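What follows is a single chain, given as structure tokens, in the form deposited without the ligand.
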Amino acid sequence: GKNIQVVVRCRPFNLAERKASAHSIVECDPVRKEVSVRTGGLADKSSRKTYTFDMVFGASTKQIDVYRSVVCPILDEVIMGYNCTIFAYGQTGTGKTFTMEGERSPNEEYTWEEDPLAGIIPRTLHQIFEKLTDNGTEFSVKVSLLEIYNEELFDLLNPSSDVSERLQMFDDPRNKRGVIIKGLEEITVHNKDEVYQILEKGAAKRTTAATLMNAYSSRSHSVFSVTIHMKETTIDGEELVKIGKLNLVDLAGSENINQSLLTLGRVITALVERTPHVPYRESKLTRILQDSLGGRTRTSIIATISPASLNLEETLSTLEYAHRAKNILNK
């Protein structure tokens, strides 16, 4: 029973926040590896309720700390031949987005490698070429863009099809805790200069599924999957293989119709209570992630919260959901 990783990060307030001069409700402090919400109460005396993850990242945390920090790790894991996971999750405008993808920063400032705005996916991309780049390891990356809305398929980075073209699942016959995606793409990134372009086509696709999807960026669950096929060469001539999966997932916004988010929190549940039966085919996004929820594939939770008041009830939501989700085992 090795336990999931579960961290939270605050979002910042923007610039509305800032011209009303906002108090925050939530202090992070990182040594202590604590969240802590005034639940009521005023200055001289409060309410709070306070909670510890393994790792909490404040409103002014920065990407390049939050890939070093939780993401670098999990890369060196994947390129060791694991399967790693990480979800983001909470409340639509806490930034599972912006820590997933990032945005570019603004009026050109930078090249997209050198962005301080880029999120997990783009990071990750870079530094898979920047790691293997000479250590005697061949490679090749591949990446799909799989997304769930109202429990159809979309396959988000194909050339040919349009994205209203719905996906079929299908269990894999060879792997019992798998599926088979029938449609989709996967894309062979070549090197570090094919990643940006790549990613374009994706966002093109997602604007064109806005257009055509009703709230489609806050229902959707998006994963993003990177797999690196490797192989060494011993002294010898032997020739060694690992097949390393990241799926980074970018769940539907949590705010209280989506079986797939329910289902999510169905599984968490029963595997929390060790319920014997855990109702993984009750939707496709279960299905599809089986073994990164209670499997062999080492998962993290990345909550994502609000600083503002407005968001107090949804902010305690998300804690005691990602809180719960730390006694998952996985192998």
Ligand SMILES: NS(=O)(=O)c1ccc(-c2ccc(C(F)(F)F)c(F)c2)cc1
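Throughout, rigid core stands for the largest set of C-alpha atoms superposing within 1.5 Å between the two forms. Numbering follows the first chain given and starts at 1. What changes on going to the form solved in complex with the ligand:
Once both forms are overlaid on the rigid core, the distance between the two CA positions of residue 128 between the two forms is under 2 angstroms.
Once both forms are fitted on their core, the CA shift for residue 167 between the two forms remains under 2 Å. The rigid-core alignment places the CA of residue 117 2 Å or more apart between the two forms.
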The other form holds:
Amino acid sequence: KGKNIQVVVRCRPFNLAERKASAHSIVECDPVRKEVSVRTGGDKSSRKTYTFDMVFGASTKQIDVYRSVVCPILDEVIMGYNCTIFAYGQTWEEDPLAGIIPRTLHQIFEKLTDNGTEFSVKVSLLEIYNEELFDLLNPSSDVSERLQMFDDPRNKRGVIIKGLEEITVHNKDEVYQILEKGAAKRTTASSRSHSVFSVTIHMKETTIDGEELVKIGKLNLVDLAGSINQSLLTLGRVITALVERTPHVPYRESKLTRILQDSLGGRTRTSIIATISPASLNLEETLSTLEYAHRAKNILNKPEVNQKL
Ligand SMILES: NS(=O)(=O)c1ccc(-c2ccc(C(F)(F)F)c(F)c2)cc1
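After the form deposited without the ligand, can we look at the form solved in complex with the ligand?
Every chain and every other molecule in the complex is listed next, the one we just looked at coming first.
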């Protein structure tokens, strides 16, 4: 019993810095066969072909790709699972995982409210920089100060980040106000930092008088920094360990993998969206992203509904 991590690969259009280098196009994205295929030299037919849960070529807008992966997750969140989406590859206009948060909360409110259901919504936003935690929704606290984290015995395989501002959200507008005044704290001059956005959703519903069903749903949106980066590196070694079935999974060897341990062979429903360059200029990074992504789809998680009757 379990669900392997859902992995989608997206290929993005050529960027202008790729045309200037005269790069040629080396990636094929076969959405119907769910295969991305890379030319490994050179005409030559040297190829390496991978299969994924979903594949998107450049013509599919980034938003549509997220949509295809997020909306189905949001229903799982509401059913009461904990879910995590890892975005790796990101960056007219081009937006990270954060840029779809207000859309996310809209659907969530819309599903809940038009269904007369009683709920609360609390959000978090932290940044992992140089192996240190930084809260991005705390307004008054000094911008250069960190957060501490220990192991909570109540959840023996999980952690607690004391000081982290959970913000309650009622209307699909507050998100914008809070979201932007969050980018205004990560401005330091961020290209090497991971951001974890978290939406927690408490839900209550009467069954028959005397009885209530209480569900809690949690979504984490992880925007992984691109490739020296302990979190990224360990993220890799965790992927590898889980798949090769080695006894010791180096979770505690980085803040990111410690924070999101349950997402990797844990009790969380996990999806990964890896974007890849079409350019021959990036064959190695592309070859890399597909290795991790390909290993990742082999990890089994065991999600459980979190609910009390
Ligand atoms: N800097 S590194 O060599 O340690 C490294 C770089 C990238 C990764 C990595 C690349 C892609 C993915 C993903 F599968 F998420 F796309 C991932 F989860 C991890 C892992 C290790």
